[PDB]
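J.: So the chains spell out like this:
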Amino acid sequence: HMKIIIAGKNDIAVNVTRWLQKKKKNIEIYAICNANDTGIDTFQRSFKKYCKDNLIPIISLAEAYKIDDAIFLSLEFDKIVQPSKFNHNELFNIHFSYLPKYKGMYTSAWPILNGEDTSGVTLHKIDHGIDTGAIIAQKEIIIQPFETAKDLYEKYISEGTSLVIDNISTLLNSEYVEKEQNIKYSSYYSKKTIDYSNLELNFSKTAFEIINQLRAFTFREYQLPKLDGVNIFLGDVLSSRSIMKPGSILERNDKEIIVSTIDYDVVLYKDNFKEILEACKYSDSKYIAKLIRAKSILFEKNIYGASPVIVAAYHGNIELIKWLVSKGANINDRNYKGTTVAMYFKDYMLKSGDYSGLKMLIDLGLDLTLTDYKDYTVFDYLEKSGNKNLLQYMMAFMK
Amino acid sequence: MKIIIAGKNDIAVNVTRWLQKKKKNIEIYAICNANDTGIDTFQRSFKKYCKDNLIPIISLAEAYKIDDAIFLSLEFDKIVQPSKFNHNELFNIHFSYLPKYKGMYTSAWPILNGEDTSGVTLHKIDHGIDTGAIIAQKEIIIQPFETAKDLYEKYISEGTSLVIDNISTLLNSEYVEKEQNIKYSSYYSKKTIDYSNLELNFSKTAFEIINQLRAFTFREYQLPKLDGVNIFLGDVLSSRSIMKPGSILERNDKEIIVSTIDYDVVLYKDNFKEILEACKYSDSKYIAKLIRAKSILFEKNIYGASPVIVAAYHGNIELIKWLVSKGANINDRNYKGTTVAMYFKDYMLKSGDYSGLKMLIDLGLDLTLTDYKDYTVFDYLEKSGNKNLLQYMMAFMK
Ligand SMILES: Nc1nc(=O)c2c([nH]1)NC[C@@H](CNc1ccc(C(=O)N[C@@H](CCC(=O)O)C(=O)O)cc1)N2C=O
Ligand SMILES: Cc1cn([C@H]2C[C@H](O)[C@@H](COP(=O)(O)OP(=O)(O)O)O2)c(=O)[nH]c1=O
Ligand SMILES: Cc1cn([C@H]2C[C@H](O)[C@@H](COP(=O)(O)OP(=O)(O)O)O2)c(=O)[nH]c1=O
Ligand SMILES: [Cl-]
Ligand code: NA
Ligand code: NA
Ligand code: NA
Ligand code: NA
Ligand code: NA
Ligand code: NA
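Sequence order for the protein chains is A and B. Residue numbers for the first sequence follow the authors' numbering, beginning at 0 and rising by one. Residue numbers for the second sequence follow the authors' numbering, beginning at 1 and rising by one.
In case anyone wonders, no lab produced these hints; they're calculated from the structure. There may be inaccurate statements among the hints.
Quick list of the computed label-pair ranges, beta carbon to beta carbon [as the list claims (entries may be wrong)]: (1) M1/A to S239/B: 47 to 57 Å; (2) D67/A to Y286/B: 53 to 63 Å; (3) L237/B to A133/A: 33 to 43 Å; (4) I79/A to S189/B: 55 to 65 Å; (5) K285/A to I141/B: 37 to 47 Å; (6) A133/A to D253/B: 33 to 43 Å; (7) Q222/A to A61/B: 28 to 38 Å; (8) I141/B to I79/A: 31 to 41 Å; (9) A61/B to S247/A: 51 to 61 Å; (10) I141/B to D52/A: 37 to 47 Å; (11) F145/A to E199/B: 48 to 58 Å; (12) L290/B to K2/A: 55 to 65 Å; (13) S196/A to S189/B: 20 to 30 Å.
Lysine-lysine pairs mimicking DSSO-like chemistry, simulated, CA-CA at most 30 Å apart [unchecked claim]: (14) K149/B to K51/B; (15) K190/A to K244/B; (16) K149/B to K124/A; (17) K183/B to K149/A; (18) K183/B to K294/A; (19) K51/B to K190/A.
Examples of chain B residues lying across from chain A (beta carbon under 7 Å, computed) [claimed, not checked]: (20) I156; (21) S157; (22) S161; (23) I182; (24) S189.
Idealized CB from N, CA, C, for every residue including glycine.
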């Protein structure tokens, strides 16, 4: 007889709700969605789309205020909840910082920008204020020095998901503890603190700070940082210290732009992801290696979720797959419909008739049991297309 | 031995002064910052001190040619060519714990950002800005109650001592250098704060806004304002208004209460002026009721007069004892270097009542101190022919 209202967006809303349906089938779910959920799966899943496809009713916040016997759980939700319009106090939020620091907006950027080594996710009570209610559970997150705003956000989504799952029973059974947030070190950033319509690198800063600007503004689906309108994908601190005014362009080549700072010169790497992606169809690793300035560009994706590893698999480019995996690519990487590397590779196998590299991919960790967001395995697609012969081949190599 | 002092303000004066007393064989050349007006304000003019002490004033171009000098920058404002000197004895005092807080407004940014500490750094002048290898640092604890002005004064004081503590090593190539790290480096330009258009930001937490107050509280430049009304500090309240941050919840003659992102804040209206006036004649019981922030007791008017000075001038000894027990400086000075003892001396002359001198002495009054014309209180008594008071005060000297 319990009820829960899940209000928000992206993979956190989707995977928390999924868990509920799998492990809490018993509980009635109502969903609230954000204003800019279009019902189309982008780099994050559409929660609106998920709810419609699963017959989970979508309600408004107005209506949510009047359900007395429900828990309310907000996950990247875009609406100011007014707690007094509820007739209960079981209102919970996952905020993407280690509160009491970084209340408010852009928590994937500000910690990077300010030079933080760590951040966190915090489950808390909702009160009238913004990210101010009492803390229930938290988890510290390491921000690696290579990681971008995008990587950080994806960690938020992932850890935020687990924290909810590790606590949701206590929320449902009213078995949780709370602690008021401290005054000291409390910080907050409004939407006005960064103007993503007019984003600008500031070279009157240290190299350290400037590399953190790049990192903090590297979130491809929104933007990359620019210099003279040229997109940049990361950069490094050089050993030289130019006499010239900070902001002064020291060199341009095909791959990079070097710039004067307050202290050390920085090299900014021109974004060539699109060129790299094209090249991953047929080129060997030797050729890709020379294209690469920052190693992490190998794990970037275009607006459909296609990565270098995914493109490599689609064209059977097995020596490149191996290399990409050795550099840290995910052998089970997915695009934004959940289509896996193994599914792309199956297309290559059908087209070429060369099945011989499957065994080696399986040894790299390739997982044939995974399902896309229609809940199909590669096996279901083969059976549907009537390729029984390739189906049994693939079956025999899985583990 | 020989030294070029390039810079401005009290630290440059203090180090130069110290050198003329404790190392009278050293030759000194100065460079002054262009915008030194030659006139003392709440900071002393280095240019003025140099002209009055016949210290030669030279330019960067000249400094490059003096091969047997060390070059000491005490907030010098010009980029130098390090390698153009024929030596590498090139030093700078910077008012931060480097590599953090490179650049400008180092009395503000650390407080704004919620730091508990800062410091001063003696380092090499090298390529970059504020980036040369570290020679010696002093950590400074920034107390929760301390303003920009309090921190600036610690910088002056501690930087001066940093220099003095290390001056032999500087003159004799006997220091140890450690190149700075890059990690946690920060820098702020002069564009990062616009002091001609300061606005408090209330879309912030209580902690941040109190730290804004502190950071912007530097009376001789400005105080923070709400409704064009000046504020001297404030406090966090345990209540939490539903009203948009920045909404005024209450006002009276003492204070203004405002909504924040989290905890309501009380902003205390600046009543220093009222306090200073009252110090002429009120006792501590009355004064204590005017105070909303203890440290307003140590502010100064445009001449440099504090409560303890006004009290001494008026022979208000009961209040001096109290002020001192609150942390005041019994030897405070105005912007001419006129000490508390000099003001009290005037009171003794006007009153003919000398008996309170022992009480101030026991509170720590120092009569040997000198003003910026270099006179003690005894010298002024001499010049004025007040031989009786001079004899009375002299009786106290061991
Ligand atoms: N070569 C050299 N390096 C130094 O680090 C140094 C010297 N000389 N000489 C003395 C002092 C000078 N430090 C500075 C610091 C900032 C500006 C300056 O013009 N800053 C501007 C604008 C530049 C920008 O932001 O790009 C500002 O932001 O306020 C000038 C001199 N200094 C100490 O070691
Ligand atoms: C709106 C926006 C966000 N971002 C980054 C910073 C944010 O932390 C991150 C997620 O932003 P967003 O998708 O707005 O989610 P949330 O509002 O829940 O933080 O995306 C950009 O890089 N550019 C943008 O224009
Ligand atoms: C110029 C200025 C400085 N300050 C503070 C910030 C600084 O760290 C501190 C000392 O500055 P100061 O050494 O006077 O810097 P400047 O070269 O600009 O004179 O005073 C103000 O509060 N208001 C102001 O208008
Ligand atoms: Cl198929
Ligand atoms: Na209610
Ligand atoms: Na914005
Ligand atoms: Na530079
Ligand atoms: Na001259
Ligand atoms: Na300014
Ligand atoms: Na409030």
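J.: Evaluate each hint against the coordinates.
T.: Each hint, compared with the structure:
1. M1/A to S239/B: 47 to 57 Å: For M1/A and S239/B the Cβ distance comes to about 35 Å; the hint is violated.
2. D67/A to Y286/B: 53 to 63 Å: holds, 58 Å
3. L237/B to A133/A: 33 to 43 Å: violated, 18 Å
4. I79/A to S189/B: 55 to 65 Å: violated, 36 Å
5. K285/A to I141/B: 37 to 47 Å: violated, 57 Å
6. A133/A to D253/B: 33 to 43 Å: holds, 36 Å
7. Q222/A to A61/B: 28 to 38 Å: Given a distance of about 47 Å, which is not inside 28 to 38 Å, the answer is violated.
8. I141/B to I79/A: 31 to 41 Å: The hint (31 to 41 Å, Cβ to Cβ) holds, given that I141/B and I79/A are roughly 40 Å apart.
9. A61/B to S247/A: 51 to 61 Å: Because 24 Å falls outside the window, the suggested range is violated.
10. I141/B to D52/A: 37 to 47 Å: violated, 59 Å
11. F145/A to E199/B: 48 to 58 Å: violated, 38 Å
12. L290/B to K2/A: 55 to 65 Å: holds, 58 Å
13. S196/A to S189/B: 20 to 30 Å: With Cβ atoms ~23 Å apart, the hint holds.
14. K149/B to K51/B: holds, 28 Å
15. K190/A to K244/B: Given pair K190/A, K244/B holds - Cα atoms ~15 Å apart, limit 30 Å.
16. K149/B to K124/A: Not satisfied, since the Cα-Cα distance of roughly 39 Å exceeds 30 Å.
17. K183/B to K149/A: holds, 22 Å
18. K183/B to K294/A: holds, 21 Å
19. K51/B to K190/A: Between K51/B and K190/A the Cα gap is close to 54 Å, so the pair fails against 30 Å, i.e. violated.
20. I156: At 24 Å from the nearest chain A Cβ, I156/B fails the 7 Å test, so the hint is violated.
21. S157: violated, 27 Å
22. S161: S161/B check fails; min Cβ-Cβ to chain A is 27 Å, beyond 7 Å.
23. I182: holds, 5 Å
24. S189: holds, 5 Å
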